[PDB]
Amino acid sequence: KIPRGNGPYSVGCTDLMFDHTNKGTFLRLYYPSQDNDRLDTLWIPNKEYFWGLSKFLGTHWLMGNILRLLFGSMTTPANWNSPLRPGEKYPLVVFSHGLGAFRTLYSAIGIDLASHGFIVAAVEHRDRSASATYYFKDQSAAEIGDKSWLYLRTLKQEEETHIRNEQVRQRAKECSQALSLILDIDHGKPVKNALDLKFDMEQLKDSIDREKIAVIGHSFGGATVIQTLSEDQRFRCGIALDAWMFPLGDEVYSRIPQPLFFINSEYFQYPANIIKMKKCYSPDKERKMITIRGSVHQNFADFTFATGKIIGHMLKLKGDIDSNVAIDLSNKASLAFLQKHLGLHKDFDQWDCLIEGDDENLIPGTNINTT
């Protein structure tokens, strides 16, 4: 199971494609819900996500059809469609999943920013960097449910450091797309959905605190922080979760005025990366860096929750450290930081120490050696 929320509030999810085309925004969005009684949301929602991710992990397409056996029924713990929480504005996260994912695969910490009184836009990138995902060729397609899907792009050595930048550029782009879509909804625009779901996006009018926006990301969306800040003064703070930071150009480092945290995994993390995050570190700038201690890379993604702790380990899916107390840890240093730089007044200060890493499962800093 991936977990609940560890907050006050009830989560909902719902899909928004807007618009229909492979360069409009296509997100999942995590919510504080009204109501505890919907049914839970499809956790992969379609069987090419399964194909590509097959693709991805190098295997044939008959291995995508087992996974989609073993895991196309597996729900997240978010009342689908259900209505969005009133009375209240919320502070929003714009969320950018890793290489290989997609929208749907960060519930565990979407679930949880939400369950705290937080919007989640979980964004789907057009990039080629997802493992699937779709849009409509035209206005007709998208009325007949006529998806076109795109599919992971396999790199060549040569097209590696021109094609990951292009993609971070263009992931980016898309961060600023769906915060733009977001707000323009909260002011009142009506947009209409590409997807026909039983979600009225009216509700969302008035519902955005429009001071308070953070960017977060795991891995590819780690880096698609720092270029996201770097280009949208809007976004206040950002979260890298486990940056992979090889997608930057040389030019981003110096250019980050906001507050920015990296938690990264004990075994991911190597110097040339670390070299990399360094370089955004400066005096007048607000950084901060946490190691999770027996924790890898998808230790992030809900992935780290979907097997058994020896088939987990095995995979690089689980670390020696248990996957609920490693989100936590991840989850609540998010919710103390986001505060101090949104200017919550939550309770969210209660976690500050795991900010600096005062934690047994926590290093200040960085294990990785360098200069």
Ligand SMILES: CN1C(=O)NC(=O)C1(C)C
Given for the second form:
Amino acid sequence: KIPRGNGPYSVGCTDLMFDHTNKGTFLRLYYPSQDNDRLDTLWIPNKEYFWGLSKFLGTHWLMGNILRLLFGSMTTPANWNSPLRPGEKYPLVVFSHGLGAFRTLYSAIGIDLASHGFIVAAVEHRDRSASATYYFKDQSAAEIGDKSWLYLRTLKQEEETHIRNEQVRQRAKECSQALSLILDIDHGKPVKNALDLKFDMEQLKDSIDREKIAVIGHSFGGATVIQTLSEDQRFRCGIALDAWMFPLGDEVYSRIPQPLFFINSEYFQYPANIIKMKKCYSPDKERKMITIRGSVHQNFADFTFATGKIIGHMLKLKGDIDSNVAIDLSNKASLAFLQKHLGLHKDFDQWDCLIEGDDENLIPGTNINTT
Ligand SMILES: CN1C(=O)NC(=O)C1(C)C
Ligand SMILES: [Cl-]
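One more: the block was the form solved without the named molecule; return the form solved in complex with the named molecule.
What follows is the whole complex; the chain from before opens it.
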């Protein structure tokens, strides 16, 4: 089981695609809901995502069919298409997924934020970094629901530098476009969802706290955080969850005026990557870094909850730390940071000490020596 949110609000979930093209926005929205009797949200909603996971693993296509049998009926605790909780302006997080992931795989984070009164737009990237994604060739294809699938691109060593940088830049543009879409829906613009779903987007009119915007993301998504901040000053702060820094161009490092929080796993990080994080540091800039003891790269993603403790540890989905323990630390330290740099009037400052890594399961800064 993916955990329920720790906050006071019930959580809804829906999907939005606008426009219907490979250049439009695709996101999964998590939001405070008025109702708690809706069916739970299906975690991985299409067979092609399992085919794509199979390619990311470097296994045969039919392993996809096996992952689908294991995981294809699994839900996540958000009320599917529930009405939005009325009568409150909510801050907004745009969330960026890792390499091989897609929009639905960070629901433990998305639900937890939504239960505390955030609207969360988990983007699906069309840069071929997702295991799989889809869109429609034209208006006719959208109407009849004829999906076109786009699968993970494998790179040669020669393509690594250049293409990862092309992708992080597309990802940042995708974060900015998703923000503009939600802000336009907030400011009442009629948008016909390319997905025929029983959630009226009109509910979202006047529901966004328009200056209370943050960008969060994991791994490739954590580089997307940094690129997005350097390019779009509508985002007021960012949180990079175990950022993979390789995609960034040399130019971005000196160009991030916004507060930025690095939340790291113990076992992922390495000197080349830490040195790049430290290049984001300047005396005028607000920077924080914590490391979760006993944690692995995948502790930030939902697959840390999808298997048993022992198989989990073998597959590197789980660390020595308990997964609910680890994600609670990451989500609570995130909430305190967002409260600080978005100027929220909530009780999230109860977790201020976690930003400083002052907890038995936290390391202040990094365990990585860079000498
Ligand atoms: C770059 N990556 C990412 O974004 N997620 C992952 O698991 C790896 C490390 C492949
Ligand atoms: Cl790891």
